[PDB]
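Peer 1: The lines below spell out each chain.
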Amino acid sequence: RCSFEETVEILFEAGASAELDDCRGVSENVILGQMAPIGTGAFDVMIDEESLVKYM
Amino acid sequence: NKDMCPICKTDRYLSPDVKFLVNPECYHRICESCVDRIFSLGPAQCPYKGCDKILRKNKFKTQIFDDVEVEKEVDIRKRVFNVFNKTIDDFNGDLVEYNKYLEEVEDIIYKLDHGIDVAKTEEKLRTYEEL
Amino acid sequence: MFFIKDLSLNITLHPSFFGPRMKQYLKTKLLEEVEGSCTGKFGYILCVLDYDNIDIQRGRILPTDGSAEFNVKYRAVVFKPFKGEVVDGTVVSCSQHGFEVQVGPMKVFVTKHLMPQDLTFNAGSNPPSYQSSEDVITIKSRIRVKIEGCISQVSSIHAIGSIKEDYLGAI
Amino acid sequence: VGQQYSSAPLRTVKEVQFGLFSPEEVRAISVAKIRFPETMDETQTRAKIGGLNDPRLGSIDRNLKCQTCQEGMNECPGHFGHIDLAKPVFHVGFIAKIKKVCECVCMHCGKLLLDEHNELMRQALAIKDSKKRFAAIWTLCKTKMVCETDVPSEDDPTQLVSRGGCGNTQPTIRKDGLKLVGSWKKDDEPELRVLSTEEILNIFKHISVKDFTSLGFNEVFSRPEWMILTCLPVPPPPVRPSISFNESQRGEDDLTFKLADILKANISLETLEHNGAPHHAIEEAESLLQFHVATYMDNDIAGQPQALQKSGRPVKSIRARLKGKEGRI
Amino acid sequence: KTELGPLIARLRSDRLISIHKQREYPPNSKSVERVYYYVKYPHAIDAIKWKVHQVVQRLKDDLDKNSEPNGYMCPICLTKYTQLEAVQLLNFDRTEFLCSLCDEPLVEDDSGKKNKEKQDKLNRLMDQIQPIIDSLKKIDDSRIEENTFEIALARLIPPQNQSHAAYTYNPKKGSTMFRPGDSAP
Amino acid sequence: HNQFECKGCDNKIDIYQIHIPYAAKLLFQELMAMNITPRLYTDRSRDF
Amino acid sequence: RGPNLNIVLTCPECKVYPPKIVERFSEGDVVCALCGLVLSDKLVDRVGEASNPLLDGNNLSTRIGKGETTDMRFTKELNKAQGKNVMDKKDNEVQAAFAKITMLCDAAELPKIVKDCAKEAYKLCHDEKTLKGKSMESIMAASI
Amino acid sequence: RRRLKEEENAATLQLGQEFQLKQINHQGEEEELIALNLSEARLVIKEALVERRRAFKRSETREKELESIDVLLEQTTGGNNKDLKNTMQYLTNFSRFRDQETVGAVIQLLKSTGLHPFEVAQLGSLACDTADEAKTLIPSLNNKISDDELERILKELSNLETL
Amino acid sequence: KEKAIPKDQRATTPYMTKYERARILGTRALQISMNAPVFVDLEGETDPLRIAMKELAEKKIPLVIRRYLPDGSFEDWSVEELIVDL
Ligand SMILES: [Zn+2]
Ligand SMILES: [Zn+2]
Ligand SMILES: [Zn+2]
Ligand SMILES: [Zn+2]
Ligand SMILES: [Zn+2]
Ligand SMILES: [Zn+2]
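Residue numbers (the entry's author numbering), protein chains in the order written: chain F, 1399 to 1454; chain E, 9 to 139; chain Z, 1 to 171; chain B, 2 to 188, 195 to 336; chain C, 51 to 235; chain X, 1177 to 1224; chain U, 14 to 58, 78 to 176; chain A, 12 to 16, 20 to 73, 117 to 220; chain W, 70 to 155.
Take the hints with a grain of salt, since some may be wrong.
Said to hold, decoys possible - Calculated cross-link-like contacts (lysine to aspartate or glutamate; reagent style DMTMM-like; alpha-carbon spacing at most 25 Å): (1) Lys142/A - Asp88/Z; (2) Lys27/E - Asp160/C; (3) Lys69/E - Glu111/E.
Said to hold, decoys possible - Ranges between beta-carbon positions, derived for each pair: (4) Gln5/B - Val64/A: 39 to 47 Å; (5) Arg58/Z - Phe1224/X: 15 to 23 Å; (6) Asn53/Z - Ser142/W: 23 to 31 Å; (7) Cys1182/X - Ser215/A: 42 to 50 Å; (8) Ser142/W - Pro158/B: 51 to 59 Å; (9) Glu206/A - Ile126/C: 52 to 60 Å.
Please keep in mind that the hints were generated in silico from the structure rather than gathered at the bench.
All residues carry an ideal CB built from backbone N, CA and C; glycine is no exception.
This is chain F alone, in the form it adopts within the complex:
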């Protein structure tokens, strides 16, 4: 919300009310310099032990 308008006013209200931000949105992740959960970031790529052994 602070990224749009009234940055300081919104942040002050967050401090007093002890708001909790889950960083599920793009704006939160952009500030924190981490992959957003969008497009190529909406999933996690794991290892396939069962397939990996059989490919040899």
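We have chain F; now place chains E, Z, B, C, X, U, A and W with the ligands onto it with these hints.
Peer 2: Using the frame of chain F, we list chains E, Z, B, C, X, U, A and W with the ligands on its own:
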């Protein structure tokens, strides 16, 4: 020496939570706070003017009677009774010898308490304990 | 003291190890990165038990690193020091400030203030040693030390012990 | 070269929790106490110990290490200081919030003016979200001008059930400048006096855990008492770097200028109240300290004067640096 | 005034003397807001009781602190290091303690011989403050009524024949105002 | 020396490192000076 | 008499001390001139105001002035309150002299350099035991 | 989820947070804290080492025993085994029970007291002759077991001491 | 693990999405550039991206895509079983 630690002078008024304690080795009163700071590291000379007998923190206990002198007699009695312990049946009901034995046991305690013959009495007590 | 604990670690594998025997590499990485290591929360991790039955979870590819992070659950023997505990060890080093007692993978340092007044530093003897009428303390000697304090760092543990208490010192 | 290898685990941030610093926490976080309003010693060669540019707060020079972490400019994240204000000062951005809380609770015992015995309140207390719940409570409590030591019982209006109260009539609070002024209605003209910041701090500390939770605050992360500033954290030099044009002339950030002013006002107040200093003189000093702190955090206050540097341009506050199209966000 | 200020100010911070402000209306001159100084025994007794306890507590803590091992100090950076902290900074040679910031041998801290001095200081304090403790005990036995500007005025002894200050209390009628600490039981 | 410490919390074994833009670090410190506590945490308190 | 807190850039590979260092400002790197190894990266090159620590020393002060929206009541009181600062009084006398010396130099159509010299001279020679029974006019006139 | 904000002490049996009496294993089943004495730990560690050696292969006086452990340790352990070498050397030079039978008897002996795992392990690790020595070396024992039982236990423990 | 939907009740699309393909090729290509073992016979290729594309065509990429649902639950889909039709 009424309601305060003789060493740190912590009276009940300024510290109601403080508690007193004594050590059997020299029967010198000392509050719990003093004990922790003086004896936590290890054994040391008693913090009294004229007392140089080493003592251990684990040996501390709480006084039962309000008289220091009476506490000495009971403490010596406890150790003495652990070895000098004979019942009437021990002498087949013969009270004449039992009474004399009781007097001798009490006599040993009396001599030890007042230090009449500390060297000789202690040796006899040590010798009897083995038997 | 030696404890048996169930610990977990996040191990990272370089992509070069993505092979059919990568599980063997994972087990290896645990051995040369866990065994012999020191942790302030669990103490010195000495040995790993049930090495053939280590639970391996699915690995996650890091976004930009390109490696895989695996959560490994294992059982290991850990030596953790605690203040107020009594341990036995052998003196390894001597100095004016005090001597170091070796206990397992940890070294306990005893300061002069924590030692009995009788002991005095004697640098004239080779090696330097603490000389007292009742006993003499030098390297390789047997000493019973009571741990007085411990500081636990993320990757290091140091403790201070004393021999002033009764039944301590030379055995 | 980059950052040197470290041993701490690398993890991504998954949650952000907002709150306010307690006076105890700010003192614990701080690594050095600031007491001198200067930046350089008399020799103008090294930073003064205990000054604004204390070496313990960090370093902004490539050639100087941080006395605390012993790391270079590219590795030290900065370490906070703290200034012990002579008197508590309101937070410029919370005065509106403070005013609402003052009207909601009694100014003598710290209890909510309206309890659960009122049907209207029961609806208000049922609101889940804190923001709308807070608005509901204010609309009802602000209109009550008595503590109501005795309240009618909910079973029937015949008998009165005793409730924790004091019977003191509450004042009509209005904001004048940076001070809170409360007026008491007599049983001719109403009584008027200035509500001291110390009085406000004392009352807010009396509010029970359940009392201010109903107002939306968090017992552990943000309490009404923490809005009033008793200890001011001092940002490290990186937040307020010292710029240079020809590198032979040293310039200070706008924040450092205000921080020096705050300390000078703080020390002046301490000396005044320590000896003599009649009541009006101290109040003038207190107002100066409040104005300096408020303008330091926000230089754009309606109806209040602006802090102007010797050049005459307005001082850039922290609020200004965050807002706008060119701000941090 | 410059001499009465510091005396009143210090005697007010410690709460040994209370202040009372009221509006006095002389009939044949411009009025003025008068300041009156008195003593509130229940508050003054509490202030002294806490301070007496606090002073003794600091010495007790210092006595306990001194009994702890000395520690170490660095001559250059003047940083205090405890025994536990120093053990993790000694050189590889295991001969001397090396500072972290300076990498220079440490120097033993002082206060080793003060163990007796701190105990002596504590002994003097209790003996010297003995009259206060005895007085408090008697004070505790009885109950003291809180004093107020009006109540204290009952025992007044006028200082001067013609004092410009009107030693009278005239509370405003129907005054709902309540000031911090201006009300008594 | 591979040592970490958080004065006030008295911990040395519960330290994490995060990668954030320097602007983000500056923002949080600026909020700290304004009496606002931006608390960065790794483990989520509540589920989605 | 204080902590070193000094950083010296030396090339570990070359080990030559003192080293030859070239600051590639355009590339923002500090590189050893012999081997080319980069020793430091991300090198750094209105929010603040400049001050001269030769004529004013260490004195950070900010004036109070009207804003886009303000009431005369608050502005007047703060200036009145700000004036009664015991600590700032000592340095006000020096600033007051700097004001008077400027007026005299300005009325003399003298160059800015002359004004700078005279201003510094007064501060250096001010607050001295010898200059205790001399009129301020003599001090200012002599300084010019 | 409040988070935000007892010092460890062996005497008070306050081992901290990660060494509580109730422990949770990798399988989720609750279990009691497992504390091993010097002799038991030596066998447990040595038991794992031989098992690891067997897996790789398929796919006595104090002096001679010490050499066997040292050679065994290096063969069955990887690099950076400095800590392990010190542990094995220390364990062999401070162990009082050699074979499984002796330790098995020791375990079957001390478990009758029902004491805490920490203190019971200490009793089997420290050589103490009198009940007073046990009480002071391990302060946790105070007001936990009568001297009559402790005195008998110490006598029996010293009876089954090899060499 | 209540958040791991059983393989028999997976309700997500059985077709690889454009975003899934982009990351799989990029992630696998990044690994190959770090001397990762190649499971496909190469008839001459130097660009890691091209090698990754060849592996995807022949279904020789040992990766599993974890699709996250809005409630925190997830489904594991192997790259081999995912149909690449886009
Ligand atoms: Zn005492
Ligand atoms: Zn004694
Ligand atoms: Zn730093
Ligand atoms: Zn009330
Ligand atoms: Zn130093
Ligand atoms: Zn070079």
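Peer 1: With reference to the structure, classify each hint as holding or not holding.
Peer 2: Status of each hint after checking the structure:
{"no.": "1", "hint": "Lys142/A - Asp88/Z", "result": "holds (17 Å)"}
{"no.": "2", "hint": "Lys27/E - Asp160/C", "result": "violated (32 Å)"}
{"no.": "3", "hint": "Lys69/E - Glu111/E", "result": "violated (30 Å)"}
{"no.": "4", "hint": "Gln5/B - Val64/A: 39 to 47 Å", "result": "holds (41 Å)"}
{"no.": "5", "hint": "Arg58/Z - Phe1224/X: 15 to 23 Å", "result": "holds (21 Å)"}
{"no.": "6", "hint": "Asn53/Z - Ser142/W: 23 to 31 Å", "result": "holds (29 Å)"}
{"no.": "7", "hint": "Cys1182/X - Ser215/A: 42 to 50 Å", "result": "holds (48 Å)"}
{"no.": "8", "hint": "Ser142/W - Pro158/B: 51 to 59 Å", "result": "holds (54 Å)"}
{"no.": "9", "hint": "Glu206/A - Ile126/C: 52 to 60 Å", "result": "holds (58 Å)"}
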